[PDB]
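Q: Listed below are the residues making up each chain.
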Amino acid sequence: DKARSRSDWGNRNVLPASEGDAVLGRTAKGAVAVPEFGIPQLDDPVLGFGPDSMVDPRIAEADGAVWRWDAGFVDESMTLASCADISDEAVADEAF
Amino acid sequence: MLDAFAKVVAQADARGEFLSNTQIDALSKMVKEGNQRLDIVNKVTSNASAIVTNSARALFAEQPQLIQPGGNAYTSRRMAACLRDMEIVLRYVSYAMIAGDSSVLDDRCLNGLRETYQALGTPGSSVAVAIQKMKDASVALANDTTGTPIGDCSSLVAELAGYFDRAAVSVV
Amino acid sequence: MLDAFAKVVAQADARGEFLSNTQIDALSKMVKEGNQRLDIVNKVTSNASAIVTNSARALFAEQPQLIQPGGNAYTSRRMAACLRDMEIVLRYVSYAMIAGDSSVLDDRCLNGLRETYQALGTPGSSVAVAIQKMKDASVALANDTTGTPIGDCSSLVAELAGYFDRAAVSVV
Amino acid sequence: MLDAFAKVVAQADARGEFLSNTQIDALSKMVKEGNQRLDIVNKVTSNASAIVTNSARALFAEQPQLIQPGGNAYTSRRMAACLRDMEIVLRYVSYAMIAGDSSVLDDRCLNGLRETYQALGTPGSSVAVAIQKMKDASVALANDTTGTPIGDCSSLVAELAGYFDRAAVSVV
Amino acid sequence: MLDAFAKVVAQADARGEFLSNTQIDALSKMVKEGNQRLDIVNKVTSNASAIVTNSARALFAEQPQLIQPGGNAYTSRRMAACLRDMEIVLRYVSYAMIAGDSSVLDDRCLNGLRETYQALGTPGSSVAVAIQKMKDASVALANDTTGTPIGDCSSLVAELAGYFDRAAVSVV
Amino acid sequence: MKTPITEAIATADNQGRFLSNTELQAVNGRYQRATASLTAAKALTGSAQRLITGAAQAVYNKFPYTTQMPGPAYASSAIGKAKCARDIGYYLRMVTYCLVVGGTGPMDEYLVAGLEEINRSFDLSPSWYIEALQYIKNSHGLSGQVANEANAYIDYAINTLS
Amino acid sequence: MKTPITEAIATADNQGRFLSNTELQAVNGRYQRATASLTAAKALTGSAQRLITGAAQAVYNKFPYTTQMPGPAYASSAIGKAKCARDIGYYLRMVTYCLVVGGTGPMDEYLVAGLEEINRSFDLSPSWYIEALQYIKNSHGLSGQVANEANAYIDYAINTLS
Amino acid sequence: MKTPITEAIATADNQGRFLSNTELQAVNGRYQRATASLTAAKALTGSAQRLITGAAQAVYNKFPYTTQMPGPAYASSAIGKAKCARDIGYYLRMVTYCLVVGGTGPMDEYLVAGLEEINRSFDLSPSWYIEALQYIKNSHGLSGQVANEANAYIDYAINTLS
Amino acid sequence: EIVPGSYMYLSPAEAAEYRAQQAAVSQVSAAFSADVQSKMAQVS
Amino acid sequence: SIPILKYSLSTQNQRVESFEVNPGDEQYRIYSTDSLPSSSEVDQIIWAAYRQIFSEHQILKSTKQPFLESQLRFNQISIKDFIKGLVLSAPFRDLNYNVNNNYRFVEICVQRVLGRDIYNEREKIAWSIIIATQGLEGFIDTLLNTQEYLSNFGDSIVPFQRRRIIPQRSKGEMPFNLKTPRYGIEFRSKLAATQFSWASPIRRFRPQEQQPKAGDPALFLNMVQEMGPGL
Ligand SMILES: C=CC1=C(C)[C@@H](Cc2[nH]c(/C=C3N=C(/C=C4\NC(=O)[C@H](C)[C@H]4CC)C(C)=C\3CCC(=O)O)c(CCC(=O)O)c2C)NC1=O
Ligand SMILES: C=CC1=C(C)[C@@H](Cc2[nH]c(/C=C3N=C(/C=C4\NC(=O)[C@H](C)[C@H]4CC)C(C)=C\3CCC(=O)O)c(CCC(=O)O)c2C)NC1=O
Ligand SMILES: C=CC1=C(C)[C@@H](Cc2[nH]c(/C=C3N=C(/C=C4\NC(=O)[C@H](C)[C@H]4CC)C(C)=C\3CCC(=O)O)c(CCC(=O)O)c2C)NC1=O
Ligand SMILES: C=CC1=C(C)[C@@H](Cc2[nH]c(/C=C3N=C(/C=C4\NC(=O)[C@H](C)[C@H]4CC)C(C)=C\3CCC(=O)O)c(CCC(=O)O)c2C)NC1=O
Ligand SMILES: CCC1=C(C)/C(=C/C2=NC(=C\c3[nH]c(/C=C4\NC(=O)[C@H](C)[C@H]4CC)c(C)c3CCC(=O)O)/C(CCC(=O)O)=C2C)NC1=O
Ligand SMILES: CCC1=C(C)/C(=C/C2=NC(=C\c3[nH]c(/C=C4\NC(=O)[C@H](C)[C@H]4CC)c(C)c3CCC(=O)O)/C(CCC(=O)O)=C2C)NC1=O
Ligand SMILES: CCC1=C(C)/C(=C/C2=NC(=C\c3[nH]c(/C=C4\NC(=O)[C@H](C)[C@H]4CC)c(C)c3CCC(=O)O)/C(CCC(=O)O)=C2C)NC1=O
Ligand SMILES: CCC1=C(C)/C(=C/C2=NC(=C\c3[nH]c(/C=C4\NC(=O)[C@H](C)[C@H]4CC)c(C)c3CCC(=O)O)/C(CCC(=O)O)=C2C)NC1=O
Ligand SMILES: CCC1=C(C)/C(=C/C2=NC(=C\c3[nH]c(/C=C4\NC(=O)[C@H](C)[C@H]4CC)c(C)c3CCC(=O)O)/C(CCC(=O)O)=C2C)NC1=O
Ligand SMILES: CCC1=C(C)/C(=C/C2=NC(=C\c3[nH]c(/C=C4\NC(=O)[C@H](C)[C@H]4CC)c(C)c3CCC(=O)O)/C(CCC(=O)O)=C2C)NC1=O
Ligand SMILES: CCC1=C(C)/C(=C/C2=NC(=C\c3[nH]c(/C=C4\NC(=O)[C@H](C)[C@H]4CC)c(C)c3CCC(=O)O)/C(CCC(=O)O)=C2C)NC1=O
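Chains as they are written, first to last, in the UniProt record's numbering: chain A, 49 to 144; chain B, 1 to 172; chain C, 1 to 172; chain D, 1 to 172; chain E, 1 to 172; chain F, 1 to 162; chain G, 1 to 162; chain H, 1 to 162; chain I, 286 to 329; chain J, 2 to 232.
Keep in mind that a hint or two might mislead.
[Said to hold, decoys possible] Reference excerpt, derived from the structure (chain F facing chain G, CB under 8 angstroms, subset only): (1) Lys2; (2) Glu7; (3) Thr11; (4) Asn21; (5) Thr22; (6) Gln25; (7) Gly114; (8) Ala152; (9) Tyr156.
Bear in mind the hints are in silico, worked out from the structure with no lab data behind them. Yeah, the Cβ is synthetic: ideal placement off N, Cα and C, and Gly gets one too.
Next up, chain A with everything else stripped away, as it sits in the complex:
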């Protein structure tokens, strides 16, 4: 059945799989939905969050996407980043 009751949240249904299925008001985890982006301080190429300012390590644990049980955790052991570049000639000639 659809999630109808607020009483069946504990009985039958678990939580929204994708964030387009969230409750009226909130994100997929259940917290309030806030827009991701604020005003950037210090617009500047050399000193400022440019396009290639490297990612915060604390952006994932703050997300909760580093823990394996939470849905944000993507495992990269089977994705294309873990496949060998065949254009590398050290890897082609060895594997020929």
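Given chain A, put chains B, C, D, E, F, G, H, I and J with the ligands in place with the hints provided.
A: Same frame as chain A, now just chains B, C, D, E, F, G, H, I and J with the ligands:
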């Protein structure tokens, strides 16, 4: 750990940004839910021993092998440690409910729990049934209107039951 | 840990042998250049803060994304841990220069450091750039004659440059 | 740890059973030969220093490459550690003789010992030779008729020989 | 440690009484003094580095024997401890301001401080001079009406000054 | 005791800290809720004798063997009936001590620490005291956030007995 | 993070306990203060570049040697003026993060931890940043309890540098 | 081991500190002494075969029961006589190891650690080895400060046996 | 008194030897005061 | 006299400084008798020491040491003697020492008494012979008298897992009770009343875990409980 107001600050800093007026206006929508969030953890804390023992009684009525001689919840020291696990998980889902996100639940409770149960020989798929029976005992308690003013807290019920879902898929 | 002299004894005990005449005279060669080896480590530790704070300042001008928002040396604690690690590496290199071998540098500084940096997200190839900047800031200062009697100690400088190269390839 | 009596109890508790009458009668047969069991560990304990030092002396006569330079028993510290390893194993065999089963021998002494000797570089096959040299040295003492009434202990001596044999295959 | 609300409860349990309506209505007067009490504590904690540094600098101006060579504030390790000891006492006085009674000032700061200073040779009368110079530096700041609604809070500055006298007679 | 004021000092003394706005906001949350909990302690104090004699009678209707079974543990004599209404008054008094202080501090120190060795030795049943506390929860006559404050400390005592 | 929420979870988890009313009152005091504390962050963000270029000019007025003296540590070049106004905006952005969180959380992690080791190595005098924060403390223009929230985090930053 | 170089690194590393002049003065005292220690280690090595057999014959004169009494622990058989001179050569080799390193470093790990369990188990009296070491101290043939360095590690091995 | 926190406790004979050896360096700072007259074109 | 054998160090968090003046919420709550605690606060020192040495699952009534507690309340023993008295206690020998070998018991007592992980595998090998030749009473004395214990905890502080989280991060190292339980993959097999070692998830014909989709009327249920007032 992070709460829900600290999760937006860590995303904003990672790109060296201020917070826009659209982001502040979404954080004062989280403040206005403040008294209904405190009623939900108060109803879970105040009934916390009936959540645990009514749902453990239900767990052994329909899986009676766990308390037979040779089972895992046999020999009352392992029965007492079994009820300890359910109070522990209920404690951290209660922590993640006032915080607004599950990061204190993720690394202080669930981190390494699936691999702990495999080293003990504890059926981790039956621990997930134990968490799922505390899930709707806690939801039926939070939908219950006794002691509360009229109004609305239905997006918060769906959020509390999502921390019980995260705790139950991390253990199987 | 071992020094250079205790390394030779450890080779000779495992064969159950007395030391030969040529192994004695090779050890009296290290005694002869002892004042030129003590003069190098004095030249390096006397400028130890300036080696670190200038090799860091050249690194963030060459790789400017390390101090941009999101970069690995962007906050005051991440900036101060970067200068901490360069000072630790330079400290154990100074230890390995009076001993004569890299036994204290491998055991007490480098053991598990590559796996520590992978788990943190710290770019290990950038740490190697900052160690090589400390290498030639120390080698250029060890070749400076202001205060020492004039002479050739270029074999000792090629030994000091190998401890820096050892830590540079053992971090990535 | 368990003795022979609590081994039967722990197996019976996992089935939820009382002990049968043939299990009590097999337990009271252990009590009937209990004095002869105590005379065996009286002979072994009273000569325990001579069991270790005579079988270690015979191990290096027939394996003279253990105490040559480079060998595993060559230094003062590596040789005295070979003597205390024999005294540990001989001690935990006598703990398995008065208990009746090899539960204190397996848990406290033999668990994880093959992998420890592989990490140390200790030749595990030669440790089995030293245990077998202690086996017949204490069997020859157990069959001594001095200070005892003459009877048949041959099933008990064949049990003591099985504890040394279990220790010798659990270490290679 | 106790606050003012648990001070009146520990005294009612020792006679087995409920609190009378006069003790309840004397406690709700302390609650409506609560916003004025948090203003005084905020006014001290935001000027805390200037309370310590000015009243230190005013102490070694009129007592130059403390910092003269041989004094008990010479040799900057002892100068760093005099500034720590001033900061500790001002910290635990502001702790006893939000509490309402000096039970946290008494045990975990002041119990054994005359005994400690007499063991080291610290002049305990000079410490009492420094404590009374942070008293009138923060009584003067709590009487400042900058950024507050102008009401009357003269009864809580006479309370805050009493905790400074409590710490000053306790070290002499 | 664990109060909201001594738990803000202890977390600031652990960090070697002056009282920041993290700690001033926490003490301010005590002062806001103290208006609703100081009237719950005033209304439970003034109607205490109605609540003690009622809650002891609610145990006697529910477990009537405690008035009939002979022995020193039971309320069958006149001595053992005054020791019951004594104990109901001890539990009601600690609840009022927690409402004026804020936080379950007085009953953590005076009541629950060592309680299980008392019930085990003198053969007292913790379900007698749950039934007494469930009467006081349903019969104190409070409403609003005044009943919300009182019932939150009744349920703490039940959760230590359950 | 030194939020009043995460400080409440930590005192409950220190003793392995559920969240009682001791900790829910600390959370409630954050929500009563979050109204004035969020209008301060909105008004400081909207006047960000006005306050940053103003506070940089106030340092060059009080310390005019910082624009003349040669060397990498000073604002005597075009790069040294870009890195100086970068640092004013760092101190301003951490203040606004503390206003949307409640309590001095982001300032301790991102700014204060390790600041003393940085200001010694790169020869950055902490008296420059005190003068820059005293400008923002006098020129943000807020009043009432909104300035009372704002100045409590300007003053907290000055006590770490002092 | 116990080289003076490793015993100067171990004090600087304990504090987590660089090498000051306190450590470089310590290593300089090793280098100003090693011209006598390395002439003593070469002079004992080149006269070893005279010193081993002379010290082994000296304990047969002092304790003649070793060459007569049966048992594996005595030098009455050709097996026991080859293991006796093997032991004298083990003591002289660790002496010349300690001279080229400086300080009693090599003979601690290789000869002293666990020595008391060997002499107790195999029933070797430590007064046999003291008589052998007192022969080498008498007739190593050295003089001056060369003989002072050799007798410093002879008497260390005597002090551990005695 | 050397500096206001660092002092020299010397006998009245040897306190003449301290003062008449730094007046023996006060006659060479009267001689490097002719290093200002040859500021330009020194060794030509 | 058989010294301990030499092992190599490894890079860890606690070997190096956190430049953290003003710690936050992950600071780990010093429990000390140097703050002169009352009777209600010395109960919290005792529960923190039980949680650190035992598990949370071994704070049963049959496990608590009532006479070791009363010698701490009278200032007869220090906290270093309370921690030693819990390791040599009869519940710790029965529930933990008897179901581990000598190498896994070293890493339990390093993690719980010293508050740090082992450096390498050879450190377990180096310390497991202190147990086998001197007993538990000799092993815990040479572990509490190291300079690692007397510098961090002294003799009046309860130990804790030193430096578990890095100050920026939200995901820190695993807690030492979840990382190392009572017994491991050996002693699991049949020595601890165990069968079959794994279990598939519970199947059911009423599915219980259906994910909501985009037109389901419970995602709009928000204000269904009550309409807002006004005009
Ligand atoms: C001391 C700790 C502490 C608490 C326990 C809460 C308790 C609490 N809740 C509410 C107030 C409320 N609480 C609820 C909650 C509910 N009503 C229902 O019908 C649902 C069953 C349930 C949500 C699941 C609602 C709907 C309101 C008021 C309406 C609103 O705020 O919009 C109020 C009054 C606020 C007001 O007057 O607006 C208080 C004090 N707050 C605290 O500070
Ligand atoms: C107690 C602290 C202590 C020190 C700090 C050092 C410093 C030191 N160096 C030398 C002496 C010397 N030092 C050098 C070294 C150099 N000369 C150069 O031209 C190069 C720049 C550099 C080589 C890298 C040389 C070449 C000598 C003289 C010859 C030699 O020692 O071999 C001497 C005097 C010994 C002699 O005259 O030979 C001393 C004391 N030694 C110490 O005992
Ligand atoms: C607490 C100290 C303590 C001990 C050390 C043991 C030793 C011991 N065993 C026996 C008693 C005995 N001991 C033996 C043992 C042997 N007979 C043999 O021929 C073999 C050589 C050897 C077995 C290996 C036998 C067979 C008896 C039974 C007596 C008999 O058969 O006549 C007795 C006398 C009691 C009796 O007569 O039954 C004693 C003191 N028992 C103890 O209580
Ligand atoms: C989050 C932290 C936090 C604070 C800092 C305070 C801030 C604060 N103070 C007052 C309100 C007040 N504050 C004070 C205190 C003072 N005024 C003076 O003139 C003296 C200088 C000083 C006392 C010595 C007084 C006296 C009032 C009431 C106005 C009056 O009657 O004079 C109020 C309005 C509520 C009321 O009227 O009680 C608030 C919010 N509250 C908080 O929650
Ligand atoms: C704070 C976060 C935290 C969690 C979550 C945690 C779990 C945890 N549960 C454990 C044991 C246990 N867990 C169970 C639980 C169960 N067995 C069953 O059959 C049921 C299906 C289930 C619950 C009803 C049992 C019986 C044991 C005892 C194992 C034993 O010692 O035999 C252990 C083993 C350590 C010990 O018992 O001393 C840990 C570490 N520990 C923590 O520190
Ligand atoms: C055995 C001696 C020893 C060493 C050397 C050691 C290093 C070490 N460096 C660390 C972090 C770090 N290391 C760096 C270093 C760098 N990042 C960069 O971008 C630069 C390229 C580089 C140096 C300039 C930074 C920035 C951190 C911590 C912040 C983080 O990574 O989140 C950490 C994590 C814990 C902490 O941050 O305090 C350890 C344990 N630990 C040891 O015990
Ligand atoms: C579970 C009960 C238990 C046992 C049995 C045990 C043995 C044990 N034997 C060890 C070493 C050793 N054991 C030996 C013994 C031998 N090598 C040989 O060549 C001979 C064949 C044999 C003597 C018969 C040696 C040589 C060492 C290493 C000494 C060293 O590396 O310095 C060590 C390493 C500790 C050390 O370095 O001293 C352990 C832990 N540990 C335990 O906890
Ligand atoms: C419970 C909290 C707590 C308190 C109260 C405390 C007091 C305390 N102050 C001390 C020292 C000190 N206290 C002072 C202070 C002063 N001397 C003067 O002449 C001035 C009058 C005054 C500064 C205004 C000095 C100079 C020392 C160092 C004494 C020494 O080491 O010789 C010491 C000796 C340890 C050390 O040398 O640092 C303690 C234990 N310590 C604590 O942990
Ligand atoms: C302030 C904290 C505190 C508590 C909780 C407390 C309980 C307490 N209840 C007791 C006895 C008792 N309690 C009862 C009460 C009951 N039995 C019944 O049958 C009724 C159903 C029930 C009444 C509701 C009785 C009959 C005894 C006497 C037991 C005996 O004398 O053997 C005793 C034995 C000593 C005595 O009072 O005579 C203690 C210590 N004491 C305290 O100081
Ligand atoms: C988010 C927390 C945070 C802070 C506070 C921070 C400060 C900071 N300021 C720095 C440099 C600097 N800061 C200045 C700023 C100034 N000098 C002047 O003369 C002016 C008076 C003043 C401007 C007010 C200058 C000129 C440098 C370059 C110094 C050098 O590179 O040696 C550096 C060295 C690296 C760099 O940015 O180039 C750090 C780490 N970094 C951080 O991540
Ligand atoms: C490098 C450090 C080192 C030392 C010091 C050392 C001593 C040593 N001497 C031994 C035996 C022995 N040592 C002797 C020597 C003597 N007995 C006498 O009566 C003579 C007076 C005296 C000769 C001077 C004899 C006869 C044995 C054989 C004892 C036996 O096998 O039972 C043994 C038993 C194994 C063997 O070598 O056969 C050791 C381990 N081993 C070492 O690795």
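Q: Given a cut of 8 angstroms on the nearest C-beta pair, is the interface hint for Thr11/F held or broken against chain G?
A: Check passed: Cβ of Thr11/F comes within 6 angstroms of chain G, closer than 8 angstroms.
Q: Going by Cβ atoms only, is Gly114/F closer than 8 angstroms to chain G?
A: violated (17 angstroms)
Q: Using Cβ atoms only, decide whether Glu7/F comes closer than 8 angstroms to chain G, and label the hint accordingly.
A: holds (5 angstroms)
Q: Close enough to count: is the Cβ of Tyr156/F nearer than 8 angstroms to one in chain G?
A: holds (7 angstroms)
Q: Was the hint right that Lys2/F lines chain G, CB cutoff 8 angstroms?
A: holds (6 angstroms)
Q: Was the hint right that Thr22/F lines chain G, CB cutoff 8 angstroms?
A: holds (3 angstroms)
Q: For the hint on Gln25/F, does the least C-beta distance to chain G fall short of 8 angstroms?
A: holds (4 angstroms)
Q: Would the hint on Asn21/F be counted as holding, given a Cβ-Cβ threshold of 8 angstroms to chain G?
A: holds (5 angstroms)
Q: Once the shortest beta carbon distance from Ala152/F to chain G is found, is it less than 8 angstroms?
A: holds (5 angstroms)
The earlier numbered hint that this structure contradicts is number 7, and it is the only one.
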